[PDB]
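Asks: Use the sequences and the hints to build the structure in full.
Listed here are the chains, written in short residue letters.
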Amino acid sequence: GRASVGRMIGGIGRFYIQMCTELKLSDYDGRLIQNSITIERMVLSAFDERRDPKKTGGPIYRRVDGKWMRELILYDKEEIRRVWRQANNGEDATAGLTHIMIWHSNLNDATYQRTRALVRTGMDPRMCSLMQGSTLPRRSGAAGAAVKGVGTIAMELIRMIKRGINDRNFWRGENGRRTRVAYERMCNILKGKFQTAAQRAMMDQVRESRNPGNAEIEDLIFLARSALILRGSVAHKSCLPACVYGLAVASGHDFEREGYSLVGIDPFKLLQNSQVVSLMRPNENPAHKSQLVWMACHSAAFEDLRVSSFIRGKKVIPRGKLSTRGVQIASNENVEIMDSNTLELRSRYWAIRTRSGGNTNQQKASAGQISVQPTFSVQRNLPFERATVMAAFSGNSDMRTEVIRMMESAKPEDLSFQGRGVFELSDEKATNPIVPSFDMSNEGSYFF
Amino acid sequence: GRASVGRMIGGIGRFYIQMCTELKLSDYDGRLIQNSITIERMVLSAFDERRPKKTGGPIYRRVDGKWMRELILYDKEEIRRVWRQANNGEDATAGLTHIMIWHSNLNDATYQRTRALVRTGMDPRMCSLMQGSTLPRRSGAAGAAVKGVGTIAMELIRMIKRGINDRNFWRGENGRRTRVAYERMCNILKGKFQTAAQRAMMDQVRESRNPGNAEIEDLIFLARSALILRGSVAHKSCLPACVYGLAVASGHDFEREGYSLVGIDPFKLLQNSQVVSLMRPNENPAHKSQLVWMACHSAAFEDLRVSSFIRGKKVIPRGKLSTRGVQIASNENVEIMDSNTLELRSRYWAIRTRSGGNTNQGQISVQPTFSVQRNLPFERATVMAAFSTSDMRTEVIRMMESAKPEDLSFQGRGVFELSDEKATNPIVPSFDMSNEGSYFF
Amino acid sequence: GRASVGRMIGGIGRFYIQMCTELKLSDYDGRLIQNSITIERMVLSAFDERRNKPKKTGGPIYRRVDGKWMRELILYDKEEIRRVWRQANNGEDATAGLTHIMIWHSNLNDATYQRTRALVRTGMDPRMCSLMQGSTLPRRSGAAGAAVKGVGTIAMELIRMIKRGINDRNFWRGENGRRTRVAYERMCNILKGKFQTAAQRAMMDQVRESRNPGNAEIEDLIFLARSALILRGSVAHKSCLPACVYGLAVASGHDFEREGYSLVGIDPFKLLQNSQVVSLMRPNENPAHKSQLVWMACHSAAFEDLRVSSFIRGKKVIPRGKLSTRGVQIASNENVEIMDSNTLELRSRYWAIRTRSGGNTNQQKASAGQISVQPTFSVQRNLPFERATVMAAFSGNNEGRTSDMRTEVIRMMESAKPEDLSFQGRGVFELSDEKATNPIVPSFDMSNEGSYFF
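Chains A, B and C, in that order, are what the protein sequence lines are.
Residues in the first sequence are numbered consecutively from 1, following this note's numbering.
Residues in the second sequence are numbered consecutively from 1001, following this note's numbering.
Residues in the third sequence are numbered consecutively from 2001, following this note's numbering.
Treat the hints as calculated values from the structure; they're not laboratory data.
All clues stand as given, with none of them false.
Computed cross-link-like contacts, PhoX-like style, restricted to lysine-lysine with a CA-CA straight-line distance of at most 25 Å:
#1 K411(A) x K2417(C)
#2 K2417(C) x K1404(B)
#3 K411(A) x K1404(B)
#4 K315(A) x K1404(B)
Replies: Take a look at the structure:
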């Protein structure tokens, strides 16, 4: 794992140094995130083939006297893949391209609330904590599928069921059996992410359906809803802009020899030593730009703010409370009268990125005791699960009711990832897990 | 204004003094709160025209140690002259309103209207929302200010329930007249809520054609929300007429200094008060004093901790007080009652507020990124709400879940010393959150 | 009183002794709990009038022969067993002892098997397991067995009735139907007397008064049962030990009628101290965990707070899932020669009075009290409110059937806290403190959620 990832990370690095010299960019000027994004955007566009002539464009930026200057550079599509293959020791190296895709996906999740897409699908605009990887290209996604969220996969299934209801010739013919394969594979992606048997058993009904319609759509919404409590398995990968990888190899960092893990310490080690610059719009807070980029780098868009705070060693505050817009600068903007700052992407601690959605004791949540019946005449309180006994949803479809029953048993105060904690940046071996304790003065847990 | 409210208070004082001479009440007898209530009730009865041409009630005198009751009767028209004469010729309905609020605040502190709530289909645990529930039909717009969120909700539900029984209730010239009253109240209630979701939910109740159970359920819902996302309610320190009486009798010029119902003035007056009360055997003088103190400052549903901090003496819950009502019943034996000077003084003073407190303000669950030991927060009531104006309701559910009992309100504001008249040096409480008992009822 | 209950205990003891010698069981073989259960099974079979619907009862007897445990299935005449029962009970045919044996099997069942399969078939919540006390009892124990039954147990039976009564039309009419009604109204009354509030009882009136029992009556019953998790029913708890313990007590010259006995007092605890009870162990089972299981059944503590069980027992009482054991009884398909055996540890550090109470369900004061403040002054502070109480109203209770009494039960369930105190001043006792003079009020860890057994 560590060697193959190292090769991949190094490939993007070598590609970034090369492209910078190919665009004649300064050492300092090749450290801007907007430039990094443009180069990242081009490498992805050149390897599309599934979608202006046969060239890819984008805006490149460089410091003149003091103020930054914008010039839209364009290059031949084949020259870009030639530069990518050369940098990746003569190979196609698509796993490197997906890494660039995931970084963009994580950046979008920290920046834009997908509420407009939620209500337009006929879903709850409060399901955005399930929407990781919604802007992922769908193309090149075996590990892209793992990064995708329960809500995301559900939304894309509903889009299919909507399209298959407005036009009859969707499930019939040549492409009819073909689109069935794409539908059935995606259902098993969603079935995969669910941690309870009842959720999977309900997902089997949705999959094994002759011409699915309105009923299946409702089931998906229901399941998506239950994933706010009985959470699904989503993979998280710390994916950084290519400028960080380029500068590292420019410093003589042998990723193949040293080793790299997307879920381990390595991205933190790189970010602690990083020097990333971002353009600043008139009246934007650099302390806030940092947070946005930091959250995206570690895929912490929908993570508990309290936990992100404690790891960062700095207050991670809600998106609505941030004096900043997007990272990318649009065309109509005047990049002339704009200052810039070094982004603050360091952390106090590091932590292992998780593939899990949390601990769900399945049997206890369905049939276990929730109250006691007193036997002896002794002075004491009489334990019962207040919230769970109060709930009457399951009484008001058999697997549906088992899912509800488990949701009623669950409590926000319940604990997950026991014994596992954060580590110091000097604790490379991760022998000393620090169990986090949170601040009392609180900004909340939700970023949106 | 200070001079305006000054005149008003001054008119009550002169009226009380004049009523004592008309009833030949002694200097000591006029200082009894029980006589004050009778005189106040008489001026109220004499002016509420929509109700023989006489009015009275029990009046008490001390002859040779023993308290004697004389149930007096008096000409309504004659009362009206005495009133107008005291108020420099004018009708002065403001003073009549001021006495009503005193009588109201006293009820809010003495009795709990659980019986009335259950008829309405409301939670008896919403009593902290029932300020001014004993106030008359509609007398005073300033009356509506002091009226609580639950009071108006209960008043609106009664209007809807009548319409369910009477077919013509909403129809005709009477129909459009009552409709105006319905919209008027809904808007008052709307002006009391401080969050957009609550106000938009109130827009649907107002604009509703033929309101029914669906609107009642909405109102009950809104009533509940005001237990957390609290509504704006006026709190005005109204004192018994004898207090103003003795002050005017002592040569206090209310028009000179001025007067505010939300400033130091009523506190200042209570500090120098010489109020006396009749005492049933068993009754602890200290507990009658606490009741009257709460009544005067309209602190029935205030935090007992904050009350004790201001009073400078423990303010214990209603169920722990050794006392009944301030008013003595007709079938009660007055001959065996003792009397005491009530302790109405305070250690500190604080500004009376119209605000109900602070309210907060996309996502309702976390998605773990790091493998670390912690709880995974989600909003229980909000998530489950989809298994039951539903958009507006669920938003109101969401905000109630956001707010925690520990959330700070009135930040940067505190009590003042009685010597600090202009309210310049605030003292942020020196006995805060943990355990001490907040609820009076 | 203590004398009559003593007479009952001695009767069962004397019976077991004479059954041991008759069935030719060794002095030590009769100390086996599996052997005691078979003998208990037989005497219950003997007196059950279903005989008038071979005429010999029996079951497996276990003797240790040539090192290994041997199993033989013996039959015996039911009239010969009733004879031994009559001959050991000073000549009476006591029906008190039979019911006492039954409750012991009930309490053993209540600790062994979770009733979650039956509840799901009934349409009830499978988490109502803490109300399933006495569900294995036949409709054969009278008022005494009825007092031991839980709210859920009666409620389930009633639903089964109504469900059968809507599945078949000719269920409530005729001579067959008329007898069903008498049983309907009776169980409705037994359930009613268990509830300790005005609202829960008044709802039971409506269920009973019903002209045609249907889905309305079931849904109300399910509702009442659920409410018995916070506003608990008044279920009687009786310490009922296996016959072998009583048999060995008499065989040692202990006089039960002289020194008295009490099912809810110290006597069963004291008797379990000096007890020598042996059980068969399956391969891979844990001797210590079998003891725990039986001990709970001995003190009807199946659904009791494990913290309370632990403090009384002196050892740590742990949940059902984490136990390395199966049922005490051995199935006939299992090999019994491979079995080991161990003396069950049934001692206790303390003892406490067994209760018929559901706890302090007098929450009528809190139902009308304040649950929030309304600020009068402009002073910096938090503004206290009952979060759990206020938020409890958004639990979807108003969705299904509603009534005035329903809204009062819900109203009282919202006001209750899991941290509410019950049985004030009442505590455990030392074994030497036989007249229960010095109550020891224990300090349970409030940061211990490990309270439930199932």
